[PDB]
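Colleague: Below, each chain spelled out in residue letters.
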Amino acid sequence: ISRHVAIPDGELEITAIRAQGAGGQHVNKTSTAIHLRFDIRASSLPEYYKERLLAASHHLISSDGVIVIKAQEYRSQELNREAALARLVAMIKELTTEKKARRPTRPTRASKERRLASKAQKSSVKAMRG
Amino acid sequence: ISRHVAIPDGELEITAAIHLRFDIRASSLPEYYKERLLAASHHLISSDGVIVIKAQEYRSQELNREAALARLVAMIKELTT
Amino acid sequence: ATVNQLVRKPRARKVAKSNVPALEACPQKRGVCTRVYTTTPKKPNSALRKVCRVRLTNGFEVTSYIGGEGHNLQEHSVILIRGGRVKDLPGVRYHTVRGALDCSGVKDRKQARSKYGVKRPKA
RNA sequence: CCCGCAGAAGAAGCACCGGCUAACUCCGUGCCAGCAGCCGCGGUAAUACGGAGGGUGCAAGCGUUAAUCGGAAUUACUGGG
RNA sequence: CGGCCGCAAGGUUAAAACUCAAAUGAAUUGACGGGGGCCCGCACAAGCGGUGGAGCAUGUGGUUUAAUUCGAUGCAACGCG
RNA sequence: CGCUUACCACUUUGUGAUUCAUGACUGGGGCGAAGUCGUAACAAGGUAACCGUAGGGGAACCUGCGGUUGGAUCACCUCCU
RNA sequence: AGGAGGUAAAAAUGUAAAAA
Numbered sequence: 206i207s208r209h210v211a212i213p214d215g216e217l218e219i220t221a222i223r224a225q226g227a228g229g230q231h232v233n234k235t236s237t238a239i240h241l242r243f244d245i246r247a248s249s250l251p252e253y254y255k256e257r258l259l260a261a262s263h264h265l266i267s268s269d270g271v272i273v274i275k276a277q278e279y280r281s282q283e284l285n286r287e288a289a290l291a292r293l294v295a296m297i298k299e300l301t302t303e304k305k306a307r308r309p310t311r312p313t314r315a316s317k318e319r320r321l322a323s324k325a326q327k328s329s330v331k332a333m334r335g
Numbered sequence: 216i217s218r219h220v221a222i223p224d225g226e227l228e229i230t231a232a233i234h235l236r237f238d239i240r241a242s243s244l245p246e247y248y249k250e251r252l253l254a255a256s257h258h259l260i261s262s263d264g265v266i267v268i269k270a271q272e273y274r275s276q277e278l279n280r281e282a283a284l285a286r287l288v289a290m291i292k293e294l295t296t
Numbered sequence: 811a812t813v814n815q816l817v818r819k820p821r822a823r824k825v826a827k828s829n830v831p832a833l834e835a836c837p838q839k840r841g842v843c844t845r846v847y848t849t850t851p852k853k854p855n856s857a858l859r860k861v862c863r864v865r866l867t868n869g870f871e872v873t874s875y876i877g878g879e880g881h882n883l884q885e886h887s888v889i890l891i892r893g894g895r896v897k898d899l900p901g902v903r904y905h906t907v908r909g910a911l912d913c914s915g916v917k918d919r920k921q922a923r924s925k926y927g928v929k930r931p932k933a
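Going down the list, the sequences are from chains C, Y and V.
Each residue of the first sequence is one higher than the one before, starting from 206 at the first, in our numbering.
Each residue of the second sequence is one higher than the one before, starting from 216 at the first, in our numbering.
Each residue of the third sequence is one higher than the one before, starting from 811 at the first, in our numbering.
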């Protein structure tokens, strides 16, 4: 019902390095406007939903579950900062989706036409000794 | 990063040996998912939103109290997605 | 017909398919026996059949039938298997020998007790 | 192997009973539980599920499984289309 | 599938696993046909007056109720028992 | 006797043949129907069906060409002699 | 009695609303 964004201030490690690709001398030098976060598995906010992120095979997440997302879209670092915070809630909150199994099924009116069908063959099979 | 808290026991119209409860529409969960809640056609939900819950298999009174409430929150999480 | 055709190509003996490919000329076989579940028979009948999936000694995963009320198998317990189809659940063609290593006899079978492997109650 | 003691003492179960295939009723469960080589039996009277009584077969053996030939003139030379 | 042939499409030769107790032929009695032939009925046509719209009486469904007794509930139930 | 030479087995290397396990995924099949879409075929099945071939198309199937009968159907109204 | 012409129109499904 009630749900509110948490994003533990400080619990999420944030690093900053230079970008890739082409783009003059502003992308190889002071291009440290690019991010690369670190969300260890030791964080554990929900605790039990947490173990489902770890055993969950996926990219942008190592074997130890450090969760590393390298943001590279624009020059502004505050843009990739929010662009990353969005890719986390897009990865994290996309795996929270605990789809319902809710099974199985069962015949409702099979016996209402099948059983009457056989009962109609059970009466025809009387051809034998008089 | 999106702390979940589905707090039950609030605006309820739980009527009832085997429960037949309703859910009030004029409150609980706002317009973005309320319209998603008011746009479901499965004939369990009426044309108002005073939803006719017909939970009858969970025999006992207090059990069907929460089972129909379970029928409520399950229908809610499906329509709040 | 027409003998010259016959001397070139003799009368073909129909190589019949053996109904139970557990192991040819083999009366019984044992298995690890896993997967105890229940599925529905076909159009004529209507019930719930308790079946099992056995890993054979020669390595053949086949499904068998536990004939009787007595359920004495859970994901393990090695049992004995004999051939016999039940024809209602298509896919199964073997019977679990009731009176095996870990499969005991069924209770209250006071008539026809050789089958279901129940010994005689002296009283 | 023979003589002698000899309290019946110490010595009978197994399958099946709807038709095929010799042999029937009652009770409990209700297309549920289960049976079966084949057709199939079972939705509150089940001559077929379980049990009981009685019956039939065979016998220190009786069933079930597996395998071969037979039935199969459904590889037909004998003996087919 | 392999071989063979082919510009290609593909052709020719020809499996098995698995699955079912059926599948098939001729013919017969029916039944049905937006098949044909013939014939009848307020079936249609030619007319007249009605129901359905309104109010009320009465029966039913649904709903409600401590109970709204139960059964009937296409034609052939519903001013029915 | 030692040594030497030819031959052969184990071992070795490289490269083929065949067979058997296994492989993400993918093709089609059988089986389970208790769902969804349509109703193609069986009557002239409501466009006769089927066969081969080419193209088309969510599905059955549609269409063109050629072929087969394993297809139904001959009621009436005008008129000559 | 022989005979020739012409005369015809679109229409699915049988759990079908009753379960999760």
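Since the hints were derived computationally from the structure, they do not count as laboratory data.
Be aware that a few hints might be false.
As a list, the in silico BS3-like pairs of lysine-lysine whose alpha-carbon atoms are at most 27 Å apart [stated by the list, open to error]:
#1 C:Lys317 x V:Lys897
#2 Y:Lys292 x Y:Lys269
#3 Y:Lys292 x C:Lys304
#4 Y:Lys269 x C:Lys304
#5 C:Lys305 x Y:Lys292
#6 C:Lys324 x V:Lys920
#7 V:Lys853 x C:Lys317
#8 V:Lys925 x C:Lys331
#9 V:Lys853 x V:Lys897
#10 C:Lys327 x Y:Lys249
#11 Y:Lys292 x C:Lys255
#12 V:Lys860 x C:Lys317
#13 C:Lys324 x Y:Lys269
Colleague: Confirm or reject each hint.
Modeller: Comparing the hints with the structure gives:
1. Pair hint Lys317 (chain C) plus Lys897 (chain V) holds up; C-alpha atoms about 23 Å apart against a cutoff of 27 Å.
2. About 19 Å separates the Cα atoms of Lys292 (chain Y) and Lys269 (chain Y), which keeps this hinted pair within 27 Å; it holds.
3. With a C-alpha separation of about 10 Å, the suggested pair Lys292 (chain Y) and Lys304 (chain C) falls inside the 27 Å cut-off, and the hint holds.
4. Pair hint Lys269 (chain Y) plus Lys304 (chain C) holds up; C-alpha atoms about 24 Å apart against a cutoff of 27 Å.
5. Annotation: proposed proximity of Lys305 (chain C) to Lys292 (chain Y) holds, straight-line Cα distance about 11 Å (limit 27 Å).
6. As the CA atoms of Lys324 (chain C) and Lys920 (chain V) are separated by approximately 32 Å, the hinted pair breaks the 27 Å bound.
7. Distance restraint check for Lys853 (chain V) and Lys317 (chain C): the Cα-Cα separation of roughly 12 Å lies within the 27 Å cut-off, and the hinted pair is therefore satisfied.
8. Restraint check for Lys925 (chain V) and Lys331 (chain C): not satisfied, since their Cα atoms lie roughly 32 Å apart, outside the 27 Å limit.
9. With a C-alpha separation of about 12 Å, the suggested pairing of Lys853 (chain V) with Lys897 (chain V) holds against the 27 Å cut-off.
10. Note on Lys327 (chain C) and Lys249 (chain Y): the hinted pairing is violated, with a Cα-Cα distance of about 56 Å set against a maximum of 27 Å.
11. Straight-line distance between C-alpha atoms of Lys292 (chain Y) and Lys255 (chain C) comes to about 20 Å, which keeps the hinted pair within the 27 Å bound.
12. The straight-line distance between the Cα atoms of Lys860 (chain V) and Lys317 (chain C) is roughly 25 Å, inside the 27 Å bound, and the hint therefore holds.
13. Taking the CA atoms of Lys324 (chain C) and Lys269 (chain Y), the gap is near 36 Å; set against the 27 Å cutoff, the hint is violated.
Against the hints set out earlier in the document, violations occur for numbers 6, 8, 10 and 13.
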